[PDB]
Amino acid sequence: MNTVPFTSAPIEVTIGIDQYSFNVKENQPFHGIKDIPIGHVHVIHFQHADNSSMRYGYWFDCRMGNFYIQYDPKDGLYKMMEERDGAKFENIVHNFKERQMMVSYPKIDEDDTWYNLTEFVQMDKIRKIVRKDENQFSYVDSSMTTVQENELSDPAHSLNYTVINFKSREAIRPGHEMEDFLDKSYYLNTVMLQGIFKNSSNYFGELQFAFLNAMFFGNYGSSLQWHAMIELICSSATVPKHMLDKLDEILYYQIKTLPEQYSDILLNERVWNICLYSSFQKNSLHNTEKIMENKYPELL
Amino acid sequence: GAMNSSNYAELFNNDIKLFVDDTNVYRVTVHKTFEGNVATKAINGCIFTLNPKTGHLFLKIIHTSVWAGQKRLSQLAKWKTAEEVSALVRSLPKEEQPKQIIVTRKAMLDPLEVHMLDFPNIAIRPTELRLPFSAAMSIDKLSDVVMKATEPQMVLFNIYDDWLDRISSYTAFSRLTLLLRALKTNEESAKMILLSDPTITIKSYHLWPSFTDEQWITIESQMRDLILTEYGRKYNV
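For the record, the sequence lines run as chains A and B. All residue numbers for the first sequence refer to our numbering, where the first residue is 873 and numbers rise by one. All residue numbers for the second sequence refer to our numbering, where the first residue is 191 and numbers rise by one.
One or more of the hints may lead you astray.
Here are some chain A residues pointing at chain B (derived, C-beta under 8 Å) [stated by the list, open to error]:
{"#": "1", "residue": "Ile1044"}
{"#": "2", "residue": "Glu1049"}
{"#": "3", "residue": "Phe1053"}
{"#": "4", "residue": "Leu1138"}
Calculated from the structure, these hints are not laboratory results. Built from N, CA and C at the ideal position, the CB exists for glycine as well.
Produce the complete structure using the sequences and hints provided.
Encoded structure:
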């Protein structure tokens, strides 16, 4: 069980850790989060009480180093940092724990939600989508644009999601225009799975990462990426049975976790109606169709 | 974006453009079977591809053999249209390729955009205009070459005959749209108006009769009267 200590909490802020969140008061003696489950990526996220604009946060994996949060009064944000001195770090964490100035990661033993949302998400893949190679953790916020959004303007601060475009030479083989546009199987299976992602695990990892960035930061480009990757599978007549079964589980947990009040801005009516009711896979997503019909029948 | 009443003069500028109408590509007769079920029989169709500035019409004849053994023909008809338009653009020298293609039906946008990915600088546009190009098969000489075709064939016409020697392309397009609107509303009455005086003939190399400027004004008046009457009938007003 790993720990992300905080130097201090000088400004009033809502702190998220994965799907959980806590209010911290200005100068509250808060010194971090303990009992963080090893084996998963995690995200620690922030919304200042004085500017409910710019949700921002850090993807990390405690197996890759010792990370802490320290407020920077110049840049006006909570920053993740790596402590290279193991003994200094263990000594800091031990003191804060002894003085019980840390919140405990509040996982219910029965509850597989975070595993289910991050099953295929790997820090090494996150670091290729979010480029800042001198850090082992990745910063994301509400306003960061995607490589695809930028094509249609600072490349250093971009989300490098795999570009998916249904009306592109990449998507459409010369002489198979109608076939490839109406059945995207060659785009899914040959271009994306065999060609770019190498396997379904990497494809699902990016899909799950895009969802989480859409949900935790209201990142619009991430929401577009999540929908495009769902639509590419649902619009393919030929998908491996194991991928469809796994996709139904992935989407079920995503729809289960979404705040009920954000369905209007985080769910694309056209994509979901097409995927559940018109697409080749309209009868392959039983769990997802049942939770969507019971939780968001308005959207449909 | 969309071509409308507001940006109408754009049709007659010096940027090459084509209208594409797909409404006569897939044509059927509906009939009863021996068992009393209903079946369709395809007949020859055409793509109507028109330069509104020059009058150049690229009439691609769609022979019934292209539907043999195919499913979802009304959907295929849109893609076959887009394939043939794309093939036509590729066949033209670069300096003759359109800068814009305007489709008369919004269902052609995606098929044509996908077939034209190799031409990112050619704009594919819808129109809010309700153009009467469906009535092209009321022009006897166009109808005749479509129905006689025994194989796929491209036939080139000038839909304005020699009018551009005497009038602008705005006026020629207005005349064409009024003739086609009339032919669409009441074909029998429109053709009676066009042929009633046997002294005015259609030249072998023309589609329409050889009216003087004065006779065109009378013809154009008779067509407008035909259209308003028919409207009062349709709508009891």
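Structure-based check of each hint:
For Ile1044 of chain A, the suggested interface contact is upheld, since its CB lies about 6 Å from the closest CB of chain B, less than 8 Å. Taken as an interface hint, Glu1049 of chain A checks out: its beta carbon lies about 5 Å from the nearest beta carbon of chain B, inside 8 Å. Taken as an interface hint, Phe1053 of chain A checks out: its beta carbon lies about 5 Å from the nearest beta carbon of chain B, inside 8 Å. For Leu1138 of chain A, the interface hint is violated, the least distance from its beta-carbon to any beta-carbon of chain B being 27 Å, above 8 Å.
The structure fails hint 4 only (numbered hints given earlier).
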